[PDB]
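With chain A fixed as given, assemble chains B, C, D, E, F, G, H and I onto it according to the hints.
Spelled out from the first residue to the last, the chains are:
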Amino acid sequence: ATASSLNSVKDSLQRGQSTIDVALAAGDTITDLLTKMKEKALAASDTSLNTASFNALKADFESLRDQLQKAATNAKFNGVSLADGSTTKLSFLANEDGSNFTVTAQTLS
Amino acid sequence: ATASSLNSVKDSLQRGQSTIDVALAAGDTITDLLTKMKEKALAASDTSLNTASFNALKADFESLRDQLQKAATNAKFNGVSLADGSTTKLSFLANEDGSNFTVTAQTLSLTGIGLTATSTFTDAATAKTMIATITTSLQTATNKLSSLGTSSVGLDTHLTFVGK
Amino acid sequence: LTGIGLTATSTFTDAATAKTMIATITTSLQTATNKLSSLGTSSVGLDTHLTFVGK
Amino acid sequence: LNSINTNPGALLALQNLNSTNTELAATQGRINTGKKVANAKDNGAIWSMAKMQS
Amino acid sequence: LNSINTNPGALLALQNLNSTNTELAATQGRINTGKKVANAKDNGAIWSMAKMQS
Amino acid sequence: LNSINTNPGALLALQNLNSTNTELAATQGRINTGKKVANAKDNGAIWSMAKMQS
Amino acid sequence: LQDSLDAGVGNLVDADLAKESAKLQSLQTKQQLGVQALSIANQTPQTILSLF
Amino acid sequence: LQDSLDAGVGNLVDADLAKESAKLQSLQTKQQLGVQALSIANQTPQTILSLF
Amino acid sequence: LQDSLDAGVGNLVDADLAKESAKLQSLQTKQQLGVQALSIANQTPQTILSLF
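Keeping their order, the protein sequence lines are chains A, B, C, D, E, F, G, H and I. Quick note: the first sequence uses full-length UniProt numbering, first residue 56, plus one each step. Quick note: the second sequence uses full-length UniProt numbering, first residue 56, plus one each step. Quick note: the third sequence uses full-length UniProt numbering, first residue 165, plus one each step. Quick note: the fourth sequence uses full-length UniProt numbering, first residue 2, plus one each step. Quick note: the fifth sequence uses full-length UniProt numbering, first residue 2, plus one each step. Quick note: the sixth sequence uses full-length UniProt numbering, first residue 2, plus one each step. Quick note: the seventh sequence uses full-length UniProt numbering, first residue 220, plus one each step. Quick note: the eighth sequence uses full-length UniProt numbering, first residue 220, plus one each step. Quick note: the ninth sequence uses full-length UniProt numbering, first residue 220, plus one each step.
Same shape as in the complex, but just chain A:
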C-alpha cells in the first residue's frame, strides 16, 4: 500500500515542476520589460531632450508597464500560480503519510 501510495507524490511533484516552469516563462518576459523600462527612464533623465522626445519615452514606459502587468496576470497553470500573487504557498506531497513539500509563492505583479 505504501509503494502504491507513492505514485501520488510523484504526480504532485511533476505538477509543481510544470507550474514553476510556467512561472519562469512569465518571468522571462517580466525581466525584459523591466530592463527596457530602465532603459526608457534612464534616457528620459537626460535634460537635453526636447519635450516631444520626453513624451514619447513616457508613452513607451507606460506601455511597457501595462504589458508587464499583463504578463504577470497570464502566469498560471490549470488555475493555480506561484507568480500572480493569488496565494501565499502551495503544499506539495512529499511522502505517503501526507507530509508536504511547501513552495513559497513569489509574486511578480
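In short, the hints are calculated from the structure, not lab data. Some hints here could point you the wrong way.
Below are the DSBU-like pairs computed for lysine-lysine, each with C-alpha atoms no more than 35 angstroms apart in a straight line [said to hold, decoys possible]: (1) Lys91(A) - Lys249(H); (2) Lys91(B) - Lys131(A); (3) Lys125(A) - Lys144(B); (4) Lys52(F) - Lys249(G); (5) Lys52(E) - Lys37(D); (6) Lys65(A) - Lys242(I); (7) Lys125(A) - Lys249(G); (8) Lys65(B) - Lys242(G).
Frame of chain A, contents of chains B, C, D, E, F, G, H and I only:
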C-alpha cells in the same frame, strides 16, 4: 482540451500581427507624405515668390494630401483595419477562456491627424500657419505608429509565452 | 444533449454569444467527463463482483 | 521519461532553435537595412525622434 | 573560451580598428584643413591665442 | 584507459588547442596593433618606459 | 546645421556592422548546433524499441 | 501591400516542419511498437492447445 | 566598459562546448550499453522455465 484550445489563440495572434504589419506599411508612406507637405508649406511661406510658383506648390500640396487620404484608406487586411478609423479598436484572443488582447486602432486618415480634406493655403501667411499644423500632424502620426509598434512587440511576446 | 446541458437548437449567433457559449461547452465537457468516470467506476465494480461470484 | 507518446526534450530543443532563428532574423534585418532602429517595432521613441529630426 | 555566444577577441580587434580609423580621420582632417589646431576642440588655448593674434 | 565515463586524451588535445588559440589571439593583437608592447599587460617595465618616452 | 542634423540622425539609427558580422557567423554556428541537438532529441525515444 | 498579404497568408497557412519531423519519427516508433503489441495479442490464445 | 561587461557575462554563463562534444559521444555510447544491460537483466529470470 485546455492545451488544444490554444491554437485558436495563436492563429488569432498571428492575424493581429499581420494587420499591424499592414498598418505600419501604410504609415511608412503617410509619414513621407506629411514630410513633403511640410516642405511645400515652408517653400510657399516666401513673400518673394511670383504667383505661378505659389499655385504650383499649392497643386503639389493638393495632390499630396489626396495621395495621403488614399494611402490611408487602402490600409486594410482581411476586411479590417487599424488605420482608416472604421473601428476604435480590435481584440484578438489571448487565453483559452476567451480573454482578449486589445489593440487600439490608431487612425491615419486625414481627419485623424488633424487635417481636413479641404485644408490648403491661399496666401503666404496661410502657408506660414500651415507649417505648424503640418508639423503637429507629423508628430501625432509618429506617436500613433510608435504605439502600434509597441503593441506589435507585445503581441509577439504574448505569442511566444502562449507557445511555452 | 439534454443530459449534457445542450439543446438540440443550441447555437451561437454572435461573437458575444459565442464567448458566452465557451463556458457552456466547458461545463458540458466537464459534466460529461464526470459521467464517464462514474460509468468506469461502475464497470470496475461489476468486474470485481463477477470475480467474487466465481469464487 | 520513457514515453512513447510525448517527449519534453525535443520540445525544449525546438524552442531553443526557434530562439536562435529569431535572433538570426533580427541579424538579417539589421544587415539588410543597416539600421539598429529601422522601424517603430525596434524602438518607437527613438524612431519618432529620428523621424522628427530627419 | 570555446563559447559560441560571445567572442572577446573580435571585440578587442574591433576596438583596435576603431582606434586606427579615428587616427586616420584626424589625419585626413588636418590634411584637408592644413592646420594642426583647426578648431577649439583641437586645443582651446592655442586656438584662443591664434585667433586673438589674427 | 578503456572508459566510457572519461578520456584524458581528449582533455590534453583540448589543452593544446586552447594554447594554439591563445597564441593566435596574441598574434592577432600584435598584427592589428602593430606593437609587441601595446599595453601594460604585455610587459609593464618597457610599457611605462615608452610611456614616459612618448 | 543640416550636416549636423544628418550626423545626429545617423548616430541615432545606424547599426555597427563590424560588430554585426561576428554575430552573424556565431548565430550561423548556433543554428547548426540547434539542428543537431533537435535531431539527437528526436533520436532518443527509439532506444526503447530494443527492449521488445 | 501585396508582399504583406502574401506574408499574412503564409502565417495563416504554413506548418512548422521542425515539429512535424519529431511528430513523424515518434509516430513511426509507436507504429512499430503497436505492430509488436498486435503480434503479442495474436499469440495470447496459443496457450489453449497446451491444456489438451 | 560595455565590452568588458559583456565579456564578463560570457565568462559567467557560456558553456565550453569542446568538452561537450566528447561528453555527448560518451553518453551516446553509455545509453546503448544501458539498454543492452537492461535487456540482459530482463531476459535473466526466464531461465526458470527450463527446470519445469
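Against the structure, the hints come out as follows:
no.: 1; hint: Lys91(A) - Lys249(H); result: violated, 46 angstroms
no.: 2; hint: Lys91(B) - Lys131(A); result: violated, 50 angstroms
no.: 3; hint: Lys125(A) - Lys144(B); result: holds, 18 angstroms
no.: 4; hint: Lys52(F) - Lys249(G); result: violated, 43 angstroms
no.: 5; hint: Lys52(E) - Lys37(D); result: violated, 42 angstroms
no.: 6; hint: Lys65(A) - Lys242(I); result: holds, 30 angstroms
no.: 7; hint: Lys125(A) - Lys249(G); result: holds, 32 angstroms
no.: 8; hint: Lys65(B) - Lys242(G); result: holds, 30 angstroms
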